[PDB]
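Enquirer: Here are the chains, one letter per residue:
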Amino acid sequence: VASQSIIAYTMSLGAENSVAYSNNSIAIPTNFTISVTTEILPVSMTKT
Amino acid sequence: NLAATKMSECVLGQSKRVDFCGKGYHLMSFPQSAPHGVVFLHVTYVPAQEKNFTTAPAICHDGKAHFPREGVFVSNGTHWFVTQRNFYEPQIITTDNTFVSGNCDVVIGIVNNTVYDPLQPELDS
Amino acid sequence: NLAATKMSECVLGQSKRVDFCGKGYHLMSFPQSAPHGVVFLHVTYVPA
Amino acid sequence: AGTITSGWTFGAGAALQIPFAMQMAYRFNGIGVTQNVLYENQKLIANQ
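Sequence lines, in order, name chains A, B, C and D.
Under PDB author numbering, the first residue of the first sequence is numbered 687, with each subsequent residue one higher.
Under PDB author numbering, the first residue of the second sequence is numbered 1023, with each subsequent residue one higher.
Under PDB author numbering, the first residue of the third sequence is numbered 1023, with each subsequent residue one higher.
Under PDB author numbering, the first residue of the fourth sequence is numbered 879, with each subsequent residue one higher.
Hints listed in this document are in silico derivations from the structure and should not be mistaken for laboratory results.
Built from N, CA and C at the ideal position, the CB exists for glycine as well.
Take the hints with a grain of salt, since some may be wrong.
[As the list claims (entries may be wrong)] Taking CB as the label site, the calculated pair distances span:
| no. | chain 1 | residue 1 | chain 2 | residue 2 | range |
| --- | --- | --- | --- | --- | --- |
| 1 | B | 1085 | C | 1055 | 43 to 51 angstroms |
| 2 | B | 1140 | C | 1056 | 50 to 58 angstroms |
| 3 | C | 1052 | A | 704 | 17 to 25 angstroms |
| 4 | A | 708 | C | 1055 | 21 to 29 angstroms |
| 5 | A | 703 | B | 1036 | 25 to 33 angstroms |
| 6 | A | 727 | D | 879 | 43 to 51 angstroms |
| 7 | B | 1099 | A | 701 | 25 to 33 angstroms |
| 8 | B | 1030 | A | 721 | 33 to 41 angstroms |
| 9 | A | 727 | B | 1036 | 18 to 26 angstroms |
When you get a sec, could you build the whole thing from the sequences and use the hints?
Expert: Right, here's the structure in full:
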């Protein structure tokens, strides 16, 4: 806790990026990752 | 219905649909119970590290055109290699990997190169 | 959701689903913003 | 932007720059038409 405050701002679309587009070059990954994410969906309501 | 499809496609098999099974080239999913719902633990392949390379759609050995059967042409700078799309592995570009189609004149981007023929060493030896 | 899938599958990758991406073996698509909706430009392959 | 310069890869993770002409070779690969079709008639296709 410190002099904290509430701020409002133009929401960031995200770190902007750019791709080095060229006639002659490709970007091929050397290594990868095996990730796991969770996707959650409702199946049923309560049988009222 | 979506859940069933996900169970149908994602669990029962590997779905082809991009961003169906979670971000990335989908491997598989493990369905999990939950109250009034379901939870999936998707296993997705995401590329980690990358390196730039210089590419060209083909190469000319003879003055003829070669395209990669599987992969794309790249170069370490000294030598040209053709590799798979999502994980880097260079390979010596031999006829075994490449297929013929047309000549150098039409190609756009084609670069002169040397293709190795495994056959020659057998007969000469 | 249909729209999202179209961007997800059709834009982000190339769809295999016949008659999902427009009549024809689907090549690719470019989304365009629109009021309260979205417009896709499905570029499809058709034999002449 | 990602669709043009990076191909489909931008959906999966880090977008990888790939020359556009190369992408069609993949995209044609998607339909069951080998890459040779595109380059052999690159100008026309672009014009079309």
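Enquirer: Broken hints, numbered, in rising order?
Expert: 6, 8
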